[PDB]
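After this line comes subunit A, so read on.
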Amino acid sequence: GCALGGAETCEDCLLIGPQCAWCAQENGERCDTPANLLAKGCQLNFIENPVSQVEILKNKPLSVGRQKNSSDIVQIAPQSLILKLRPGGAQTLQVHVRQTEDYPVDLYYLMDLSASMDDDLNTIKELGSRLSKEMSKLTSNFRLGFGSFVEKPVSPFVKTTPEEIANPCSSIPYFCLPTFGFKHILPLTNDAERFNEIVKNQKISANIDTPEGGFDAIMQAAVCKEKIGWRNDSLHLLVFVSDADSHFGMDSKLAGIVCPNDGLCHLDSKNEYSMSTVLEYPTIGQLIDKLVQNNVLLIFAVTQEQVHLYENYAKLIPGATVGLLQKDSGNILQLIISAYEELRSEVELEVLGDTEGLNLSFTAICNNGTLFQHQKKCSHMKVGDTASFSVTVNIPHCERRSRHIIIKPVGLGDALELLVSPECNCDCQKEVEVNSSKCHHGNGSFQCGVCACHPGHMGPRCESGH
Partner candidate 1 sequence: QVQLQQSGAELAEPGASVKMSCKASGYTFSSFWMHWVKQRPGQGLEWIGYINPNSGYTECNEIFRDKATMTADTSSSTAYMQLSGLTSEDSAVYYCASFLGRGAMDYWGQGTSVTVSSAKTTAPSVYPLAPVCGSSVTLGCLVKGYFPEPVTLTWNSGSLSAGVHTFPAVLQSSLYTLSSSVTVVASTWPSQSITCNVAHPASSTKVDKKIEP
Partner candidate 2 sequence: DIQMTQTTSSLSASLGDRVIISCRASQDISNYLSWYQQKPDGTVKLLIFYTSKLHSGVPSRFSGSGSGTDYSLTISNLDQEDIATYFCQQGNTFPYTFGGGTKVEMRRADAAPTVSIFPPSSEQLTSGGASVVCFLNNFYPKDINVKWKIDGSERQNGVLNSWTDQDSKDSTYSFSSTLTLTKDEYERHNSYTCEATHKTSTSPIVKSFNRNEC
Partner candidate 3 sequence: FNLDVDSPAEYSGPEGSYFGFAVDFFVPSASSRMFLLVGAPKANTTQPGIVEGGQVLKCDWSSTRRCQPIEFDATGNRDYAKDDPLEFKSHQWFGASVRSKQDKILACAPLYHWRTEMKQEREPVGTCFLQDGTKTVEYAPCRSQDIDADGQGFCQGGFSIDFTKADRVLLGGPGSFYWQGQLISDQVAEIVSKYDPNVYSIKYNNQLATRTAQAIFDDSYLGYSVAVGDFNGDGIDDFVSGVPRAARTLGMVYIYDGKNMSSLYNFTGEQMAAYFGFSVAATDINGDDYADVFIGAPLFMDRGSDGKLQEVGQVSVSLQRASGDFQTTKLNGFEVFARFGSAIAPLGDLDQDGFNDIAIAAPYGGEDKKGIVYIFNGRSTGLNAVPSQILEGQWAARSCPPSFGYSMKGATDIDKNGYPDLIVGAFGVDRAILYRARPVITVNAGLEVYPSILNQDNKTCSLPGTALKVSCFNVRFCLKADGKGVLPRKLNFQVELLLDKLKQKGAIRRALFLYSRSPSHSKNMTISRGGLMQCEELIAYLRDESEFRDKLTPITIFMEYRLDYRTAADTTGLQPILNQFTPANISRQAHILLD
């Protein structure tokens, strides 16, 4: 088992396996299971064998019932742990999540304003009030903002004659505004009549190719926290409303744009995305990075022709969902409520930080202790219900640096801070006792019952010279 080739040093013995021990001073092959060492005369004090262990630093109980104070909400427990993991060993952490009955909700309404959405505008003239009234029954802190997108205003996605630049629908004829990439119009606010006002004042633009530049707008809405107005410790619902395909990545190469998106905020004085004509459309990989980092839940409200496409996209994006939008947005309110209700009916775990090279296993314990499932998600639960998770972490090889890891439910601010610290050293390694008599008249150091010979000396006790 743990008597294999190598393993002639305590540290060497530590890495071959997690169940193996070391012995000192034989009061050859000291590295074997701990029971065997006691059988062969290794005393309890002398036996050496670190084991993975957890330290709980913060474990405030989960908050029960509606909390009048935001600071007493506790939706995940524990909240801070230390995990000392021996190489090749695994420790299972128990994580408990519970959604508080009253949690604030930010909703950013991001809308396609190409020409095919003129009807959609006429039917949402009072969505701000309708939506906020329905959301008032579910949360006491609902805020909403608005932004619009069309396309990168460059050839070959727009006509570039003076007439069509000034009015891209001049040929129709119809009153359109010049094509634009992303307009952040209304930051998040509780004033729902203000939402109504700005929607009523909106006018459509146009462009000539079917796929639109929503991905540019999604990125900005997710990253521009201050200007969008995302508040901490609340839900972040980004509602992407379109009836069309989406440009991505190097599609912009046609327009001569070949500098990749940088995932940074670029809203100018007019609150317009200024790099629209400078940076490539974001890739799916890039949008994932920034949506998770900013804890933004994406909701694709798209027409029937586009659902299957955006569902495949939502498969890749954590927490993303899809709703089937009528051609005139007549049912957008129902979509949003359904999405919010599905969200409050689930708990999905998320593990962020220095996780590369780690092994993770997830087991979900829903419906109190009755149901066990090997996912990171508990569904069909009533707000107030508790979802428990068994997370196992394994470090394949020993490392010299600790890892900062965060475990949190998708879409929720509350997080568990986890530090993974390696333990691939022995207690006896520090007591070197250099130039010991035991290693032939000071020709080595007695470390853990074996001699660490000095340069130029060989043998178990360092008794030969070369």
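Inclusion criterion for the candidates: all candidates are chains of the complex that A comes from, given by their letters.
A few points about this structure:
Here is the rule we go by: contacts are C-beta pairs under 8 Å (C-beta built on N, C-alpha and C of every residue); 3 or more make two chains touch, one makes a residue touch a chain; residues count from 1.
For subunit A, the touching partner in this complex, chosen from 1, 2 or 3, is 3.
Across the complex, subunit A meets candidate 3 through its residues 155-156, 159-161, 208-211, 245, 248-251, 254-256, 258-260, 283-286, 288, 308-309, 312-313, 316, 351, 355-360, 396, 451-453, 457-459, 462, 464, 466.
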